[PDB]
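Asker: The lines below spell out each chain.
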Amino acid sequence: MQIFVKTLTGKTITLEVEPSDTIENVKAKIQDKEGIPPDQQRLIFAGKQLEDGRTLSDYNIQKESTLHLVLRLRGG
Amino acid sequence: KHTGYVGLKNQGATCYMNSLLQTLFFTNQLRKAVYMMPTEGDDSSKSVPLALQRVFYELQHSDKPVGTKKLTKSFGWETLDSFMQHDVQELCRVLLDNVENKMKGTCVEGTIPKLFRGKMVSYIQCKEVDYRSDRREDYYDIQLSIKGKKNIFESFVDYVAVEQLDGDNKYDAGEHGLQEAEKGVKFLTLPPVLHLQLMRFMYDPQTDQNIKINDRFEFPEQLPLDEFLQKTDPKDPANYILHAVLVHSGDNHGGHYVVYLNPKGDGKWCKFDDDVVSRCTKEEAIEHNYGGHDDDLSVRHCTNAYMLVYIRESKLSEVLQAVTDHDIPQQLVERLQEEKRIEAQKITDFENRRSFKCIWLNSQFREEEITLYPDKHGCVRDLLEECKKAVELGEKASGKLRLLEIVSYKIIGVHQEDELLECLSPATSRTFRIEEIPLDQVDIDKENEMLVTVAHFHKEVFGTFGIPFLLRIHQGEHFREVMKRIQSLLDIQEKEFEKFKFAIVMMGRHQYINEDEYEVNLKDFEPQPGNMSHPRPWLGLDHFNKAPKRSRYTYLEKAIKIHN
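From first to last, the protein sequence lines are chains B and A. Using the authors' numbering, the letters of the first sequence map in sequence onto residues 1 to 76. Using the authors' numbering, the letters of the second sequence map in sequence onto residues 209 to 554, 885 to 1102.
The set of hints was computed from the structure by calculation and includes no laboratory data. We put the beta carbon where it would ideally sit given N, CA and C, even for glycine. Some hints could be false.
[To be verified] In silico EDC-like links for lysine to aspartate or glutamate, alpha-carbon gap of 20 Å or less:
(1) B:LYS11 <-> A:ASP376
(2) A:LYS378 <-> B:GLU16
(3) B:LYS33 <-> A:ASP342
(4) A:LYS378 <-> B:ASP32
(5) B:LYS63 <-> A:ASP380
(6) A:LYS394 <-> B:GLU64
(7) B:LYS11 <-> A:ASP412
(8) B:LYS11 <-> A:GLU985
(9) B:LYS11 <-> A:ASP342
(10) B:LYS33 <-> A:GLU362
(11) B:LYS11 <-> A:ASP1029
(12) A:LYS310 <-> B:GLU51
(13) A:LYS355 <-> B:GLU64
(14) B:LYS11 <-> A:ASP374
(15) B:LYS11 <-> A:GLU362
[As the list claims (entries may be wrong)] If you want a taste of the chain B side facing chain A, the calculated C-beta under 7 Å gives, among others:
(16) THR7
(17) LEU15
(18) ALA28
(19) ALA46
(20) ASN60
(21) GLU64
(22) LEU71
(23) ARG74
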């Protein structure tokens, strides 16, 4: 199934994935296509940030769902 | 405080958490909901909602900065996580989800979505085929693109702007395979509370790493949003008021967070910087966080707004409804009140202290420089008592000390033992002195006596010097006795004493007093009928000094002449 990710330039890219794919697998495909290291990407869907270790089916992500990619501004 | 509200203690690198906590604390409808969560059988160590109830309770009731110590512990964090620098919006997405799930099965269930959840549509049209797809999704925030846009208006325009699904991003229409398509997004619902995340980062190909975008980006005070809805509403326009500005100073993965708010919703802004709340001006919360100032380069360059919080004009009253103690359940107030009492039992592991440099006046009436280490969130009594076990106490004496604020060698007031150390003036002009109260000034007679300020000066009333001191004066006393006391307080030679002169001083104007008329009357040392934050009149001593000196300045000096 094909999902969408909104990138850091606000453009929509496609990803070919399966429901059993883990979040890390999805991030690896985003790295392959966009170049962003997995350890800096965060994916937001329906307000919940997707968590490493869980799968797309856990979040009811389906064909044509859009994920929002962001990165971090750390402070302390 | 100086503002009504108080801040939060920093554990090490918890400024993002303090900022976000203040943001949610002034979401009054959410605070009222959090108070109502069932935490009666919950363990303090493992209850996120209960820890949130504690932080909210203390932020409402206390007037000293609030610790978030238990809050990170309930997250399951060790103390190594208390020095982690994190993203405030990431913490928002995790905390709000965790609490929304914990509110499920309770009475305030669905509160977070009612306040933050919105809906949007993703329309997809194929360019070469009759295939139109339709997808409705939820969201709790909006990631607005920053680079190349001038203000929020342009960034919302670009968000709903139609994008092209071309080349390697062809649309999988299933039947017709990958097709060239057009993707568009429109808004169906804008929640009562709008969290906007400014996408302040990009990939820099020159350094092969991600970079914070410190360019200029304007956000309006009033936000019109009916332009970007699919179906509008003439009876309820999507008009928003700015409620919070989360500012981030610094690097991509390091820096410091601050939060600006107008909690009441009226326009009276104030700044929350960890354990310090301080009023400010609307221009400091808005215009000065557009940022993208690359000139005169200091922190300002990478200091700019990161997260914006708007509230719908028509929802301002329900979201910011006032919170009394009739909104707080009994068992929570008593859980926390009876929770503190177990701490009057318990030397090690203290604390985020500050260094306090001041003058210590001894029993022999001479000065000693001393630097103490009190709790930054402690009071004056803590500082005085901290002094008592760092000095000699006199063999026997009053044993009670006092703190004086001295500007220009005059005592301009005594500080009560209640005053919090944070509210002491940090100005350069101020010098604080701790001295032991003399015996005749401990329990002084109110009707007849009074403690007056004495200071030295030299022929000009503003040319003050030496060491000021407090002197007890008795009603109707003959002045030769007051001089008798003053002399027993300086202890220099008898010869220098008759040279003295004595005067009453008020507002630069001064009147000398007769040493032989003996006229002591308390009415002469009292202000103008109405004034007390007006300089207290004081008694001045006129004579010559013993003072330190400084180098000779030449390297070509002095004169001026035009020879022709």
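Asker: Please go over all the hints and tell whether each is borne out by the structure.
Answerer: Quick rundown of the hints versus the structure:
Distance check on the hinted pair: B:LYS11 and A:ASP376 sit about 13 Å apart at the alpha-carbon level, within 20 Å; holds. With a C-alpha separation of about 11 Å, the suggested pair A:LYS378 and B:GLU16 falls inside the 20 Å cut-off, and the hint holds. About 25 Å separates the Cα atoms of B:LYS33 and A:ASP342, which puts this hinted pair outside 20 Å; it is violated. For the hint linking A:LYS378 to B:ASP32, the alpha-carbon distance of about 17 Å falls within 20 Å, and the restraint holds.
About 9 Å separates the Cα atoms of B:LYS63 and A:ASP380, which keeps this hinted pair within 20 Å; it holds. For the given pair, A:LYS394 sits about 15 Å from B:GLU64 by alpha-carbon distance, which is consistent with the 20 Å threshold. The straight-line distance between the Cα atoms of B:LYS11 and A:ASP412 is roughly 17 Å, inside the 20 Å bound, and the hint therefore holds. Between B:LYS11 and A:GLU985, the direct Cα distance comes to roughly 81 Å. Violation of the 20 Å bound is thereby established for this hinted pair.
Under the criterion of a C-alpha separation no larger than 20 Å, the hint pairing B:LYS11 with A:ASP342 is consistent with the structure, at around 18 Å. With a C-alpha separation of about 28 Å, the suggested pairing of B:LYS33 with A:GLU362 is violated against the 20 Å cut-off. For the suggested pair B:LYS11 and A:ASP1029, the alpha carbons sit about 83 Å apart, so the restraint of at most 20 Å is broken. Straight-line distance between C-alpha atoms of A:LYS310 and B:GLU51 comes to about 17 Å, which keeps the hinted pair within the 20 Å bound.
Of the supplied pair hints, the one linking A:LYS355 and B:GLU64 is violated, its CA atoms being roughly 27 Å apart against a limit of 20 Å. Proposed proximity of B:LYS11 and A:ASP374 is supported: the alpha carbons are some 11 Å apart, at most 20 Å. Restraint check for B:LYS11 and A:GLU362: the C-alpha separation of about 15 Å stays at or below 20 Å, so the hint holds. Taking 7 Å as the C-beta contact cut-off toward chain A, the hint placing B:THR7 at the interface is violated, the least distance being around 10 Å.
Nearest Cβ of chain A to the Cβ of B:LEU15: about 9 Å, over the 7 Å cut. The hint is violated. Checking B:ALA28 against chain A: minimum C-beta separation of about 17 Å lies over 7 Å; hint violated. Taking 7 Å as the C-beta contact cut-off toward chain A, the hint placing B:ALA46 at the interface holds, the least distance being around 4 Å. The beta carbon of B:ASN60 comes no nearer than 11 Å to any beta carbon in chain A, farther than 7 Å, and the hint placing it at the interface is violated.
Interface hint status for B:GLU64: upheld, as the beta-carbon distance to the closest one in chain A is roughly 5 Å, under 7 Å. The interface hint given for B:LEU71 is met, as the beta carbon of that residue sits about 5 Å from the closest beta carbon of chain A, less than 7 Å. Restraint check, B:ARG74 versus chain A: the minimum CB separation of about 4 Å is within 7 Å; hint holds.
Figure legend: structure checked against the earlier numbered hints; hints not met, in rising order: 3, 8, 10, 11, 13, 16, 17, 18 and 20.
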